[PDB]
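So the chains spell out like this:
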Amino acid sequence: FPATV
Amino acid sequence: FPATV
Amino acid sequence: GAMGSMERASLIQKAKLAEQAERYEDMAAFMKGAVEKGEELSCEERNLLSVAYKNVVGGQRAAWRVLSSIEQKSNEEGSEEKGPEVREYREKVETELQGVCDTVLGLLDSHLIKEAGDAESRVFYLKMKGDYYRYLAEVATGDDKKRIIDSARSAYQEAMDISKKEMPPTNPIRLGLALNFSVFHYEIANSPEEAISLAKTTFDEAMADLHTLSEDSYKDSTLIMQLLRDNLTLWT
Amino acid sequence: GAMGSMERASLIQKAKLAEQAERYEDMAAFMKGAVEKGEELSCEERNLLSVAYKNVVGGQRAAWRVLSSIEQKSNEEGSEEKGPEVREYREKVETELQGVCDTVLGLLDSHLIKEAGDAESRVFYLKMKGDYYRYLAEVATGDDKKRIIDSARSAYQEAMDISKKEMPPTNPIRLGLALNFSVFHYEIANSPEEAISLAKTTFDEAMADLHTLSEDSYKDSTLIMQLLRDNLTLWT
Ligand SMILES: CC(C)Oc1ccc(Cl)c2cc(C(=N)N)sc12
Ligand SMILES: CC(C)Oc1ccc(Cl)c2cc(C(=N)N)sc12
Ligand SMILES: CC(C)Oc1ccc(Cl)c2cc(C(=N)N)sc12
Ligand SMILES: CC(C)Oc1ccc(Cl)c2cc(C(=N)N)sc12
Ligand SMILES: [Mg+2]
Ligand SMILES: [Mg+2]
Ligand SMILES: [Mg+2]
Ligand SMILES: [Mg+2]
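Protein sequences, first through last, are from chains B, B', A and A'. A prime marks a further copy of an entry chain. Residues 591 to 595 in the authors' numbering are what the first sequence spells out, letter by letter. Residues 591 to 595 in the authors' numbering are what the second sequence spells out, letter by letter. Residues -4 to 231 in the authors' numbering are what the third sequence spells out, letter by letter. Residues -4 to 231 in the authors' numbering are what the fourth sequence spells out, letter by letter.
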């Protein structure tokens, strides 16, 4: 999965 | 802490 | 409101203790209680709210993905029928996740967003609104999916528009908003080109503004810039 | 009983799914429902019950230790008074932990232990009884502490007596019981010499019985033997 904040 | 199972 | 009898300051203090103890469900309940006191939230308080709910929903999303993967394998050709249980339990986790998202969206609509006038509060809350509609979209199907997707897009877009007018390109809220909206484009809206373009433009405009920053601000901004680069590497 | 309407087999299946999803509270609720069906538990089912509750209470214990450390620092000379909040929140976590232990002990007393006649079930449940009284003892104070401590000791001792008569010295249930009873002696009963003696004797008697084991059983037993050695290294 891609990075999110 | 010591090991327990 | 189970927290109605506790002082606002005590709720905030207990949210910080719950964070240290990695008790994120408690942390979220304390922050929900704090929001329901009706006063605006400071920057630190906004981040306590977001950390708490992000951890709660993050665990739910991770569990949902495990169960959905098991469910899909049980529905492929050749697999043995194991009954309704995998679907039922995936649905239970999904309903609990949707309930958390509904709770957060309810706090934003009553009444955090409408009282948020400074960019750093309003953008933060609109980013949250996009994020929690995005989590709903991850589990939605069909036409409900379309309206949920558009609500996420609309919230992210309003946040983007404000952030571009009112924040420098290195502002960590602006950067994290762009990171997440880029992921929305890639994973939710089936718009990988838009996702890549947004991540690249965000990264490059932040790069050019780093010279204005102190050492501590530089650290905060470059951390999120590295996540933009990480995603670009995953996608190209 | 919230699980009263779900089939026993479905509860077991969902407990296994919850384990894969790292949803240990759900896993424990499913297994509690399975126990409350009234039938004895198989070996696999006993381990699903124990894994579920061990993870739940383990998180509670970790949180309690964080909060208790903060509470003690706030009560030392020179520290600033920050009000009742740390104590209150430590107490909340403590009460939830005690409730989990009371629930497990209630399942053992109604009616798992009294129907458990084979050593591998009876020893397992008596070990659990000692473990959950031990977790109560970790948070108990004063005279209540003494009676809780003696209940833990009594359960561990009955389990030890059966295990020595009915199981080989490498049996993993027997080994784990001895490991945990040794920790009880060191951390709860203020008996470090008894703890060290038990760990050493257990390790040495298991060593001498490894020759009887298959490769898979050897792996299971030596894993727990290494924990006995780890504790001995921590204590000597
Ligand atoms: C205004 C300052 C003191 O507070 C913050 C700013 C930015 C972030 Cl990201 C953050 C995260 C926090 C947390 N996890 N407790 S406090 C906090
Ligand atoms: C029917 C679709 C389009 O909308 C939803 C689905 C699921 C949930 Cl949980 C939810 C919460 C919402 C809110 N608090 N505004 S809208 C919404
Ligand atoms: C009888 C066999 C098939 O089942 C077990 C034996 C021993 C242990 Cl330790 C264990 C842990 C399990 C789990 N975490 N699901 S199943 C299981
Ligand atoms: C008063 C002391 C000696 O005993 C206890 C304290 C706290 C709890 Cl949670 C508890 C649960 C118990 C059970 N289910 N048998 S005894 C017990
Ligand atoms: Mg007040
Ligand atoms: Mg553009
Ligand atoms: Mg039946
Ligand atoms: Mg002896």
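Just so you know, the hints here were simulated from the structure itself, not pulled from any lab data. Be careful, since some hints might not be right.
[Unchecked claim] Distance condition first, Cα-Cα at most 25 Å in a straight line; then the derived DSS-like pairs of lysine-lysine:
hint, chain 1, residue 1, chain 2, residue 2
1, A, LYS32, A', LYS11
2, A, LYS87, A, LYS11
3, A', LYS77, A, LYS11
4, A', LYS49, A, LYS87
5, A', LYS77, A, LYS77
6, A', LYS32, A, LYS77
7, A, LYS87, A', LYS11
[Unchecked claim] For the chain A' half of the interface with chain B', some residues (derived, Cβ under 10 Å), not all of them:
hint, residue
8, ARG60
9, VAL61
10, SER64
11, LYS109
12, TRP230
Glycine residues also receive a C-beta, built at the ideal position from the N, C-alpha and C atoms.
Hint numbers not upheld by this structure, sorted from lowest to highest: Numbers 1, 2, 5, 9, 10, 11, in rising order.
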